[PDB]
Amino acid sequence: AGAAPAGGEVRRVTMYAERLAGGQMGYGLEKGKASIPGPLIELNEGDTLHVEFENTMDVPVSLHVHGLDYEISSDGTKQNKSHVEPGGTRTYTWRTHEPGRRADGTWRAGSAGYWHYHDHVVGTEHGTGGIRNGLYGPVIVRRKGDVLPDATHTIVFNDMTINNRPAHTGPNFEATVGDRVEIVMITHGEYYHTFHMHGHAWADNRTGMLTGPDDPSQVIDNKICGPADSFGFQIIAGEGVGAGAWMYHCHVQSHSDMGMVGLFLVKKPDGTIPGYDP
Amino acid sequence: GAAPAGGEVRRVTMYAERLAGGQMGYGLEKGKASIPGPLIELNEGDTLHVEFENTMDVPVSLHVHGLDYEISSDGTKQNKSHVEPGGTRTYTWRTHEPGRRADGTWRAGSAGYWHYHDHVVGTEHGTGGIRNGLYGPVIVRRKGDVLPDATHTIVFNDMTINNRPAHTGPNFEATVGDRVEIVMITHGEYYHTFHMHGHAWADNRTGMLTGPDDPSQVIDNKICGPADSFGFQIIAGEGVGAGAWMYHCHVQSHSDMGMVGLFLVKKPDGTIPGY
Amino acid sequence: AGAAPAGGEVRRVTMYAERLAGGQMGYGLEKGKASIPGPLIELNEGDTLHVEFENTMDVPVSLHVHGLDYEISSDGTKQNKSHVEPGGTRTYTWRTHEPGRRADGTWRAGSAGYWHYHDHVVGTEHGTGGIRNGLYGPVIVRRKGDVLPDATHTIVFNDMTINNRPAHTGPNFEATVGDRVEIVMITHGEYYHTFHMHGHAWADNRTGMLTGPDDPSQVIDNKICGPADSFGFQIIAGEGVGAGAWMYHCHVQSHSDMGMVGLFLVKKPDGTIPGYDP
Ligand SMILES: [Cu+2]
Ligand SMILES: [Cu+2]
Ligand SMILES: [Cu+2]
Ligand SMILES: [Cu+2]
Ligand SMILES: [Cu+2]
Ligand SMILES: [Cu+2]
Ligand SMILES: [Cu+2]
Ligand SMILES: [Cu+2]
Ligand SMILES: [Cu+2]
Ligand SMILES: [Cu+2]
Ligand SMILES: [Cu+2]
Ligand SMILES: [Cu+2]
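Chains as they are written, first to last, in the authors' numbering: chain A, 40 to 317; chain C, 41 to 315; chain B, 40 to 317.
There's no promise every hint is true.
[What the hints assert, rightly or not] Result set (EDC-like, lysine to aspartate or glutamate): computed pairs, CA atoms no more than 20 Å apart in a straight line:
| hint | chain 1 | residue 1 | chain 2 | residue 2 |
| --- | --- | --- | --- | --- |
| 1 | C | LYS120 | A | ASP316 |
| 2 | B | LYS306 | A | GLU110 |
| 3 | C | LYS72 | C | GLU91 |
| 4 | B | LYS183 | A | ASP143 |
| 5 | B | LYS117 | C | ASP296 |
[To be verified] If we take Cβ atoms under 10 Å as the criterion, some of the chain A residues that face chain B in the derived model are:
| hint | residue |
| --- | --- |
| 6 | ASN119 |
| 7 | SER121 |
| 8 | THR135 |
| 9 | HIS136 |
| 10 | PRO138 |
| 11 | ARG141 |
| 12 | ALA142 |
| 13 | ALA151 |
| 14 | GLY162 |
| 15 | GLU164 |
| 16 | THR226 |
| 17 | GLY228 |
| 18 | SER269 |
| 19 | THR311 |
| 20 | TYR315 |
| 21 | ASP316 |
Hints are computed from structural coordinates only; laboratory data are not their basis.
Don't be surprised by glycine CBs; every beta carbon is placed ideally from N, CA and C.
One chain only, chain A, in its complex shape:
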């Protein structure tokens, strides 16, 4: 349960770019604890986040965010001289805003949504190598009153992997029937995909939930998405369908056949998953 508070706090966080095993690179909030996808960044509309960023690698890296407000000096592009030299540090500043009525009378949308950050300088001047190595992460910006979940899982379709994992190796995620589960879904690389969840549908809008009986957003369980698209939704685990090993996968047929599959294990209260047998 819960709802998002009105935002406006100034926050600081340490971020590191680190080599990981397998030629992979990752972001982390703590030295030695980088992860792919990188750490989830949660902000409420109006918050400011000062990211004290350190590049612990032997090659330049950058941090570039979708959707938030930044001045060009926190762009994370080499083109604007906001990348980070090997061993260097720099403070990237992100700002967010509430919606509101402009003086001209139009409506200014807020920053709330499902967003992401990624490298922009490794391999190419668009971060093609660093994205491919794992330098991407989720950003959620909440509007005041937004329903909060019991858990949030990030699913990144990165070329032909999920979260840079080997073919047919999840990730799986667990919930109990009735848990309010939040999915952040991000795509990267060269390929278009279609993201599909067995047993669970969501609304194709900002929060993934219909606002009420007046909301005309299509209700879907299958969504085409391409490089750098990002969306999210919230579902009630097992709602209307019960416990089980509920597949999610890319529905591009060869993509699922070659490994782009994982499991949303929905448990009964006693912890069991009927008919689940790997």
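The hints should help you fit chains C and B with the ligands onto chain A, whose structure is shown.
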């Protein structure tokens, strides 16, 4: 008219058969398998028990998008709810209306344009069965939804429409004024862009704006990928009159290679001008 | 903020198809002034446009429009024998309508939206050769009260080009901070793309702007699109982010690396751009 509130327990029997030259299909009676398979329509609240029978020499399953089912009705080998050659099984699909949850949020109803397909032929994601023609449309209506005079199903399965040979349509006929409903499904390996000459729709659940407050983009072109489903209703010839109105994938090599047909909109006397 | 009036005017223009340098083809409103993309046609909901069209080329060409009302006589296809022979002429007629309640109580959508026109006859019966050559252009149909921009810019992703240009030639677009800028984005050809704008987001709906605090459309800065997709939006240039050279690009990694990139040059009031090299 419009659609009623649902809550009926419906039954249907569905067969999977082989068809000419390696294709495979679903049907309501044997020897009558079609590609795409039979349209299933429900009202939110309805339950459907599909008495399924596999008539083929290989396993098959029935898996549906969007509807409520238990893990036992998955239609996946993974959960052992596939059907062995010659075997039978009853799949149960449920639907629900929208309403406020216990937690105060709004729960979406089942209404939408959906589809069902095989999941075990060729691969454990049904790649061979989908290619062969094992897919069909499902419509679930909300109470009050306007009913059409006709419903046509267009599936973009890899480089074909409805598994037909290149440059063979299908065409669909209507008369000016008809309320024409289109179920559009995509399957296989390619993205596509579905496009209709002369008619636009709203990019929302019904394909029609709710009213003057519906901000949905109005479009005549929509990108879709494998297992995307959507639908819409148009008044044929509205504002444009009768004639042979093209629809096609708008990916240029795709239309060029034959993903194209004609929506033949007839004058009340039955003649299509310029055709 | 100035607004679109109600429509209902009958407008007339002349349009020519002409060969252009580099084995190209384009539309223009005056002989010898064709461009790629073709001239922007703007209509108010309910206006009619009669296009006095001439084919100055040695192959059949045509004019086909998305989104607008036309009879098969102006369909623009060899199917409905509405193409234009070499040297020939023809008058194409487009109509638009306002929205309203039908007899049966259902709501008829207006013509308002971001649309486009292209050839349908060169190369094949689907205009593949014409579209590749540059026979395409934008159409904006405005609804009464729609907010009017200070400038409109058309970005067409045509196969692996922007506006048929060579790789890494932009185009760039200039604005001043505070300007209300309108983007028209059209895709053509064989491939999918994902349009991305640095520092500026918009609403995934008809206008690119949220109606108010009840509009649930997702706010995005990244959007997958395929051949003959069209959408548009207005942004306040630099809002929340400030002046600077703001990148836009296809976010498919190999597409950006290979030059599907341009610049949204947002200038301070004095015309300078921080950190940019003119
Ligand atoms: Cu970028
Ligand atoms: Cu995929
Ligand atoms: Cu499914
Ligand atoms: Cu990006
Ligand atoms: Cu599946
Ligand atoms: Cu296609
Ligand atoms: Cu068209
Ligand atoms: Cu499926
Ligand atoms: Cu066409
Ligand atoms: Cu591209
Ligand atoms: Cu960006
Ligand atoms: Cu077209």
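What are the numbers of the hints the structure violates, in ascending order?
Going through the list in order, the structure violates hints 19, 20 and 21 and respects the others.
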